[PDB]
Amino acid sequence: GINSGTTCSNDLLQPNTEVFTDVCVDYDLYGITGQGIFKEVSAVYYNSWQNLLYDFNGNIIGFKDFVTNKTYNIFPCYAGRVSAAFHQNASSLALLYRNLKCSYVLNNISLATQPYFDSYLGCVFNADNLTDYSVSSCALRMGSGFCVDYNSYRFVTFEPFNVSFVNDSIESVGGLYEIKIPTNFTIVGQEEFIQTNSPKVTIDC
Amino acid sequence: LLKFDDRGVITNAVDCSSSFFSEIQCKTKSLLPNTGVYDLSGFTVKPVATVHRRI
Amino acid sequence: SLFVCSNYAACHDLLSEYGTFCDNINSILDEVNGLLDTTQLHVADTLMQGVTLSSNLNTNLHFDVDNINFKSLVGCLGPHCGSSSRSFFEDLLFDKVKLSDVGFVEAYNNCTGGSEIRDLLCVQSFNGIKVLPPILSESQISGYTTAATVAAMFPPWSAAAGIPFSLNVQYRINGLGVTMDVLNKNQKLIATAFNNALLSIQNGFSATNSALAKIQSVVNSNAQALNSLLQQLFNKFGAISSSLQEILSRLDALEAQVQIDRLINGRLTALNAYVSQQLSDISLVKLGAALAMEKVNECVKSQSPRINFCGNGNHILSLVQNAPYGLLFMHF
Amino acid sequence: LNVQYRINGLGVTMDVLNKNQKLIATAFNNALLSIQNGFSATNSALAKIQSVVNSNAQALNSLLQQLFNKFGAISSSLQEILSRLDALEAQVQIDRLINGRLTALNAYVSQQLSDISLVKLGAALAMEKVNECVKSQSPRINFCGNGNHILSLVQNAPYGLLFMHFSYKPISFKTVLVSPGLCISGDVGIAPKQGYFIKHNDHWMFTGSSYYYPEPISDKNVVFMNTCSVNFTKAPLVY
Amino acid sequence: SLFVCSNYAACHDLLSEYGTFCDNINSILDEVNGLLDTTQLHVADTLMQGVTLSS
Ligand SMILES: *[C@@H]1O[C@H](CO)[C@@H](O[C@@H]2O[C@H](CO)[C@@H](O[C@@H]3O[C@H](CO)[C@@H](O)[C@H](O)[C@@H]3O)[C@H](O)[C@H]2NC(C)=O)[C@H](O)[C@H]1NC(C)=O
Ligand SMILES: *[C@@H]1O[C@H](CO)[C@@H](O[C@@H]2O[C@H](CO)[C@@H](O[C@@H]3O[C@H](CO)[C@@H](O)[C@H](O)[C@@H]3O)[C@H](O)[C@H]2NC(C)=O)[C@H](O)[C@H]1NC(C)=O
Ligand SMILES: *[C@@H]1O[C@H](CO)[C@@H](O[C@@H]2O[C@H](CO)[C@@H](O[C@@H]3O[C@H](CO)[C@@H](O)[C@H](O)[C@@H]3O)[C@H](O)[C@H]2NC(C)=O)[C@H](O)[C@H]1NC(C)=O
Ligand SMILES: *[C@@H]1O[C@H](CO)[C@@H](O[C@@H]2O[C@H](CO)[C@@H](O)[C@H](O)[C@H]2NC(C)=O)[C@H](O)[C@H]1NC(C)=O
Ligand SMILES: *[C@@H]1O[C@H](CO)[C@@H](O[C@@H]2O[C@H](CO)[C@@H](O)[C@H](O)[C@H]2NC(C)=O)[C@H](O)[C@H]1NC(C)=O
Ligand SMILES: *[C@@H]1O[C@H](CO)[C@@H](O[C@@H]2O[C@H](CO)[C@@H](O)[C@H](O)[C@H]2NC(C)=O)[C@H](O)[C@H]1NC(C)=O
Ligand SMILES: *[C@@H]1O[C@H](CO)[C@@H](O)[C@H](O)[C@H]1NC(C)=O
Ligand SMILES: *[C@@H]1O[C@H](CO)[C@@H](O)[C@H](O)[C@H]1NC(C)=O
Ligand SMILES: *[C@@H]1O[C@H](CO)[C@@H](O)[C@H](O)[C@H]1NC(C)=O
Ligand SMILES: *[C@@H]1O[C@H](CO)[C@@H](O)[C@H](O)[C@H]1NC(C)=O
Ligand SMILES: *[C@@H]1O[C@H](CO)[C@@H](O)[C@H](O)[C@H]1NC(C)=O
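Chains G, S, Z, B and A are the protein sequences, given in the same order.
Residues 598 to 748, 765 to 818, numbered by the deposited numbering, are exactly what the first sequence covers, in order.
Just so you know, we're using the deposited numbering here: the second sequence kicks off at 267 and counts up by one.
Just so you know, we're using the deposited numbering here: the third sequence kicks off at 819 and counts up by one.
Just so you know, we're using the deposited numbering here: the fourth sequence kicks off at 985 and counts up by one.
Just so you know, we're using the deposited numbering here: the fifth sequence kicks off at 819 and counts up by one.
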């Protein structure tokens, strides 16, 4: 019965520290090591012999105190990933925490040092928003129709294509229709390269 | 990151841990990386306390 | 940095030996993502090929022509089409299934507060498995589809060879050997038949359907692949246990290198297999996008003389509406 | 004559094509020169060619870089591990390096089969593109070029083919009243084959769908209809 | 159950560690088999599209 049980060593003196809630801290759990977020909740499924709860894989997502008799649910910590938008001519980085509101980031992850701005995908850094504008093509595509550019760093919605407009009537006024018939033309020839062959390679053991 | 000139003399260096710019700089092995969206993994929080429960 | 080794330095130092593997994995994932982006941009470009809208056009004012009802197909009623261009049909389609890009974004945003644990997206996101949103949101694609439809039906008929919709139907029926004498007298009847067919396909999603089956199949297949990849972390792979914390806290770190190496090798093998099927499905969806390319360009903006290619039988014409992870058509 | 006939398919008037012969020839030559010298700056074709060449070089470099991976052994160089150990316990290190190299080789051949299938599909696309847009012009709207396609040419390119899709494109327009259909007798309508119907001095005329050129109404430019719809222009004053 | 280990219990007990591998293999094989079946059904359906025989 490794890392679980009652009888065990007392060489490393450490008193019974009180349990903390809503904090991503490390725990001992009478042997079951790991780090997580403890949340307080009341349960009724616990019985006399029942004193711990697992999942289908085998992970722990909750337990019952041995002395306090208070039910606690173990939640996983946050180990996400931060993106960046670095331009060649720029000297700063447009850091963005995807799907994470920067309020929680400023109070429990980082410190407010750069001009932040809460957006739809999360909270960007080193950039202000200019969503009322529209860029035909952005070098960096952050996602969901949002892009950034250097000028400094901005936040403009991505609109790669849009239809032209003509100020003409659409109703059949006078029994006829209004259309735009061309009167002059020219020939423009584009090009397209289609890959057919590939360089053959040979590998020998 | 150690950049070398034509005579084997170190010109510029990257810390790789000072900020996200250093990591992006040494991720592509270039002093000035090209314009692109670089992902910086390994982002996580650290514990602020230690709880110990025994009988 | 998070899948094979979550937050352990003892595991991250050994990862340096297989740095080329991780670099190749990131490179192939980035190129397939770029391929998907190019396909999406190509679809958005072909929707706006030679389309021409009118500034004075107001779908909220005029929404009926030649006794044809199309309110359920045209979105963003009015000239302020900048808030929500989702039409009624697209709204119903997006209401049947909620695992779209918006649903993914909302699910990831809801992971900050620990009010739920049954969702697998949080345990998936905490292990380096995330589903990034596409370059173009579904609102933009929905706006493109409704713009193409309203332009193909109202003057200027850009995608209708400069012919009104009623005349286009009357001429398309003549291609399938019919008498022009009965088409003129059967005008209100053909309009009501068209409206009835549109309503039938509109409310036909209540029971099971082929389109709904395919959409649920692709969503469930993606979820199943992600679950299978996430389940690989709970495999012992011939070691004492599959938990890195237990191995690191049970051994003296001198003989644990072989167990860590075995687990790392197994996880890298699973990752290589997964990226292999990833390239396979990327090629498959690319071919499907090409099929949609010719299908739209030859059956929506015009009617190519290809017998039994758009629909199934005496095909007349077709329409286009936005759908989750694809397109949907009305082959009349 | 092939160009003169291909332009007629995109709704144009044959009266202006005959007089605009030297001008269309100079326009074609100018377009050819523009695409010929257009490789000076960045271009889509050059980007694709450099992309495939650089991708092949990158794949080869990544495969060659695999030989410098320790793979959990003491070193990645076979000579050092062979001259450092007694060849009795070096079998495990050699086996680990061999297993890693074989795994990398299997992964590389997997992506090799993937790109082979991709280039095969691209070759098939080039097959139908050439057979339907070079030797002839298949009636597929917006398939060869992008827009009012006329014809195309073919030239050799490294690891592929290149084309010049000459497409028709207008520069100026004009707004005029049109009518898609109209009745000319006692419920005996007509319909333009390619174009519209315009009004000019109390008498109707027919014009092309791409050139503003009024023409007299004749059977060679109209489709006879035995019965017309009610929502058509009532113009019974005809020949 | 028959390829890597034919009829040996000593080999079958160790196979439990890589159970996900076998499950994924069976899943992908069933998927490609179903895809082949759907293609065959599609070909048989297009052959009988608008066909009409006489008794
Ligand atoms: C936390 O939960 C445990 C588990 O129920 C509690 O221990 C229980 O304490 C009661 C009160 O002493 C015990 O009842 C006693 O039973 C004996 C017969 O064995 C009887 O003679 C006594 O008069 C008394 O009724 C009960 O047996 C005991 N259960 C166990 C499993 O040990 C504990 O008190 C709880 N602590 C808190 C702070 O709520
Ligand atoms: C991005 O910057 C803008 C500054 O312009 C922040 O304010 C938002 O501005 C837009 C228009 O510029 C608002 O959209 C529309 O506003 C009108 C009223 O002006 C309203 O009637 C419409 O229904 C529509 O909402 C937008 O509402 C407004 N935002 C707020 C919260 O009022 C914007 O907040 C910045 N972006 C973010 C994500 O904070
Ligand atoms: C260190 O190594 C780099 C990379 O090999 C060297 O950069 C290379 O520099 C040469 C000449 O400066 C470039 O050659 C170019 O060739 C074209 C075609 O002949 C010509 O038009 C250009 O004017 C230029 O001469 C070469 O492209 C470039 N390599 C890359 C990858 O861009 C660099 O010179 C080396 N430095 C030293 C001190 O050895
Ligand atoms: C980024 O910096 C480069 C370098 O200055 C800019 O390139 C210059 O662009 C101007 C504008 O046409 C030219 O006159 C110069 O000759 C260019 N110089 C070089 C070295 O290329 C580039 O425009 C900048 N881009 C942005 C977005 O600011
Ligand atoms: C001919 O055009 C008229 C418009 O001037 C059509 O009349 C309207 O058609 C819309 C189309 O749904 C109806 O919603 C309106 O109620 C109609 N109004 C009236 C006063 O009739 C007419 O339907 C068209 N007829 C044909 C055969 O196309
Ligand atoms: C995150 O998930 C919770 C839990 O489902 C959502 O809370 C629900 O909110 C709706 C409307 O706001 C209520 O009708 C439900 O009763 C709530 N659920 C519970 C269990 O109380 C919450 O809305 C979600 N948030 C986001 C942004 O998706
Ligand atoms: C030895 O164990 C006893 C009882 O567990 C404890 O009181 C004492 O502090 C321990 N001494 C050391 C040095 O660990
Ligand atoms: C950190 O988060 C907890 C709950 O998530 C909250 O109670 C606490 O106030 C936060 N820290 C700060 C400094 O606000
Ligand atoms: C189309 O979008 C671009 C930017 O994305 C903008 O500059 C242009 O004016 C738009 N065209 C319109 C609104 O007609
Ligand atoms: C349409 O707009 C242009 C530019 O704003 C203007 O020159 C033209 O007169 C307008 N036409 C009509 C019919 O309003
Ligand atoms: C068409 O435009 C060109 C240049 O823009 C001009 O030289 C030519 O005369 C124009 N054609 C007509 C018929 O006006």
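Read the hints as simulated data drawn from the structure, not as lab findings.
It is possible that part of the hints are untrue.
Here are the simulated SDA-like pairs of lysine to any residue, each with C-alpha atoms no more than 25 Å apart in a straight line [to be verified]:
id, chain 1, residue 1, chain 2, residue 2
1, B, 1054, Z, 845
2, G, 698, G, 711
3, Z, 948, Z, 919
4, G, 698, Z, 919
5, B, 1032, Z, 944
6, B, 1218, B, 1172
Verification of the hints:
no. : hint            : verdict
1   : B:1054 x Z:845  : holds, 21 Å
2   : G:698 x G:711   : holds, 15 Å
3   : Z:948 x Z:919   : holds, 12 Å
4   : G:698 x Z:919   : holds, 18 Å
5   : B:1032 x Z:944  : violated, 37 Å
6   : B:1218 x B:1172 : holds, 11 Å
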